[PDB]
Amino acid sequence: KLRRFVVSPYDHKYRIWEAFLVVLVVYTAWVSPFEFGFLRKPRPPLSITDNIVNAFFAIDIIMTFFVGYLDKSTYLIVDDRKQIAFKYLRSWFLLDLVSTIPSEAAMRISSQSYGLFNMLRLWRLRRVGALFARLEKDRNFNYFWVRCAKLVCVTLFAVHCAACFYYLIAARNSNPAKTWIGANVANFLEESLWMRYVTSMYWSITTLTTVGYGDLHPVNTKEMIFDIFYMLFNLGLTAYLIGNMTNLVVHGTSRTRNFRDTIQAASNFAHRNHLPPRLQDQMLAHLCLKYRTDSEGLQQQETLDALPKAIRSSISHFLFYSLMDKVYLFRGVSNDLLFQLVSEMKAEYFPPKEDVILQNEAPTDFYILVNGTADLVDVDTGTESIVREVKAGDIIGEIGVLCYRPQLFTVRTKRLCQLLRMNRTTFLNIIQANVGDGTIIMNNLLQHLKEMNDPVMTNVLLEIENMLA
C-alpha cells in the first residue's frame, strides 16, 4: 500500500499500459525514418494517425508524475509526490516533451524541419531497449527466443533506416538522372510511393546481406561515402549476429557433453569385453543416478548457502523438524535446544549401493536418514554379512562419534537416499551451551544399548560403563 493518488511501477494495470506504448514505439520506429526520407509535408493519411500517437504519449508524460519509482540505495518504492517530479524533470522530462510536439507546430517555425523534427521522436526507442533488458532477466521467458527477437528488430531497423537515408540522398540530388535509382528507372519521382520504398528497401537488404547483385549501386561520391559507412556497419553487425548465434548454440548444449561421453565410454568399455547384460543395466543405473544426485546436491547446496541463516534456518526447520523427534536419542530433550540442532544439519544425497560411513572411521560425524533404506555390515576376516537395515527415522554412526571410538560398522545404501550430517565438534559445541540437557541424551543413549538383545555389541556396552568408571 502506498500514499493516496500514487501508482506503483509494479502495478499490473500500469505494466499493461506500458506494454501498449511499446507497440506505439514500433509504430514511430517505422514512421519517423520513413517521413524523413520520403515525405516533405504532413500529408493527411499519416498526419492524422500520428497526432493520435502524440496524444497517447502526451497522456503518458503527465502519468509519470503519479508513478512511484523504486529507489536504489534503499530499495524502497518512493511515493513522495514532490520527489517524483524533481527526479523526472532532472532526467528525461525535456526530451519526452520535445519529442511530443505535433509536427504542425514545428512546421510553423520553419518549413525545412518536418524531416529532422520527426526524427527526434526516435528518442522513444528507449522503451524498447528497457523492455528487452527486462525480459532476458525474467524467467518465464525463453532466453533463446528473447535474444533472437532482439537480433531481428535490430537488423530490421538498420535495414529500414538505411533504406530511407539512401533514398533521401537520391531525392535531394540536383539532377536525378545521376542517382543510384535514377540510373535504372527513368522517372522515379513519378512512380508510386510503394514502388520507391520497395526498391530502396531492396537495395538496402541486398547490401546488408552482402549479396550485392549490382543492379543498384552508388553512382556519385555522395552515395559512395554513405555506402562506405553502411558497408562498414554491416561488417560489424554481421560479425555480431554470427557471434550471438554461436553463443546461443554452444552454450545451450554445454551440459549434456560430459554426460554422453561417459555413458558412451561406459558401454564402450562394456562391449569391448561383452560382459553379460545382467550388469550392463546395473552399472548405467548408477552412472545416471550418481549424475543426478550430485546435480541435485550442487544446486541445493548453492542456493542454500546464498541465504541468511535467519531464513535458511526456516527451510531446514520446515523440512526436517518433524522427523527429528522420532529419533530415539533425542526423545526427552528440551524443545528449544532441538531447534539449534535442526538448524545445522546439512542434508546430503547419496546414490544407492555406496558407502556413507566405513569401518574404523575416525570420529567425525553421525548422520540421520530421512528417506530410503540403508543396510548395516561389518568387516571380519574378509567375509561380511548384513547386520541391520536402517530405514527412515533412525540414526547411524551414532556411537563412535559420542564415545570417541572408531565407528563399529559400515553403512551401505539400497535406494537413492537423502541423509543429514552432523560434524562432531559442532554438535559437541552446541551442548556445552545448554548443559541442562547434555545429561539427558547420555542416559537414553545407554538405555538404547540395553533395550537391544544383541550379545556381541552389548559387549560394546560394558566397557563404556567402566569408561563411566
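Numbering follows the first chain given and starts at 1. Here the rigid core means the biggest group of C-alpha atoms that line up within 1.5 Å when the two forms are laid on top of each other. Compared with the form deposited in another entry:
- Once the core is superposed between the two forms, every option in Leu39, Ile441, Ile52, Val26 stays below 2 Å in C-alpha shift except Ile441.
- When two forms of a protein are overlaid on their rigid core, residues whose CA moves 2 Å or more are considered shifted, and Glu302 is one of them between the two forms.
- Relative to the superposed core, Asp336 undergoes a C-alpha shift of no less than 2 Å between the two forms.
- With the core superposed, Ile169 shows a C-alpha displacement below 2 Å between the two forms.
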Contents of the next structure:
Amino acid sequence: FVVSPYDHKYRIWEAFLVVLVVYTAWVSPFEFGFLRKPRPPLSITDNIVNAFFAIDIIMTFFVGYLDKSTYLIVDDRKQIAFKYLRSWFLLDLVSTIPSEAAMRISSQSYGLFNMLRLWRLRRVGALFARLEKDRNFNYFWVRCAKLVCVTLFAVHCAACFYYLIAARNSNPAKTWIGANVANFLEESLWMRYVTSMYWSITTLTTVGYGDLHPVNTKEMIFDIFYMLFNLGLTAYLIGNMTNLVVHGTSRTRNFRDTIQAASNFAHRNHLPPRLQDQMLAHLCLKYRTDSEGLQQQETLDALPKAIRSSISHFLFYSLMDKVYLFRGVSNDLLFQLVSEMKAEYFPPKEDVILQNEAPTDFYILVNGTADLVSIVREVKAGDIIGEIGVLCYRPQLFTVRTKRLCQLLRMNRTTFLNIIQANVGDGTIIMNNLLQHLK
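Show the form deposited in another entry, please, the one above being the form deposited in one PDB entry.
Shown next is a single chain and nothing more.
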C-alpha cells in the first residue's frame, strides 16, 4: 500500500503536476479577466487538468510522510489519511470541481470560481523548498528563479485585473484602453492581452511612458495599490540580487587578499626575488587546486577520525601496496602509516628536498614524476623518496626535483620514530625490507 516520499516514481508525478500548476497560474487570471463563459478548447483542457488533480486527491492517500518530530517516515494508513483530511483536503477538493458544474449553482460563478484554482500554487512553493535544500543546485540561483516566477506572475495578474476594470465599465471611453483604441471590444484577444501586458510591465519597471494610464477613480485606486506593491517587490529583488552577487564573487576576492598578504609580507621582510616567486607560485597553485587538494584537506581536517581513517584506507592503501620497503609488514602498522601521512601538491621544477639537508621528513609520490639530481634517476608514480635519510639520520643523498604538477604524501621523522616505537617487532620487517632494498 503506502508509497514512500523520495520514491523516484512519485517525484516524477509531483514534477508533472507542477507543470500543470504553471498552466493553472496562467489560465486562471486570464479566464477571470478576459473570458465570460466556458469555451473550447480551454474548457476541455481545463477538465483534463482537473482529472489529473482528481487522481492526485486519491493518490495522496497511500503516501507516507516524514514525521520530523521523530525523524522517521510514517507508513500508517490511519495516520496519513487523518493528517491529509486535516491538512487541506477540502481546499484541494473544491479546486477540482468542473467549471460547468460550479456554474450551474450560479451563472456568474465562472471567473471567480476558476480563481480558486490558484490554491494549487502551494506545490510550486514546496518545489522551491526542496531545491533550496538539495546540494545539486546553487541556492542563490534557485532564489533567483523563485523571484523571476513571482515577477512574471505579478505582471500577468495585474494585466488581467486592470483589463477587467476596463471591460466591466459602463462606457468604453473613459477607460485606460478605450481612451487610446476607438473600440477595443471587437478587436483581437491577442491584441487586448498584449496591450494589457505592455501597460503592466511598463508600470512595474516604472518606465511609465504614459500612453496608457488611469482615466477614472477605480483605475487610480487599483494603480495606487499596484505601484505600492511594485516598490516592495523591486526592493526585495535588489536585496536578493545583491546577496547573489556578493556570495558568487567571493572566491576572487579571497584569492586577491591572500596574494596581497603574501606580497606585503615579502615587501616588509625584503625576501629575495627567487623565493618570493616560489611563494606566490605555490599560493596560485593552491587556488587552482580547488577541486582536489583544497576541498580535500578542507574536508579531511573536519571529519571524525574513524571515517577519516576509512577514507585514507580507500584512497591510498592501494598506493601502499606498491612500496617494496613495506612489503609483508603488519597490516596495522601500514594503516597507521596512512593515518599519519599528510598530502601536498607541488609545481613543476621545484625541490621537495635538497641534497645534504637534514632528514626531517620523507614522501611517497602519488602521481607526477621527479628527478634525483647532475641527474641520476627518475622517480615514478607509486615510488618513495627520502626514507633512507630518515632511517640513517644523516643528510639526504640527492635533491629531488619535480617535473610535473606532483602530489606527494608526507611524514615527519619525529612521528615516524613514535610509529616505530609502536609495532616494534614488525619494525623488524621494516629493517629487513630496507636492508634488501639496500642490497
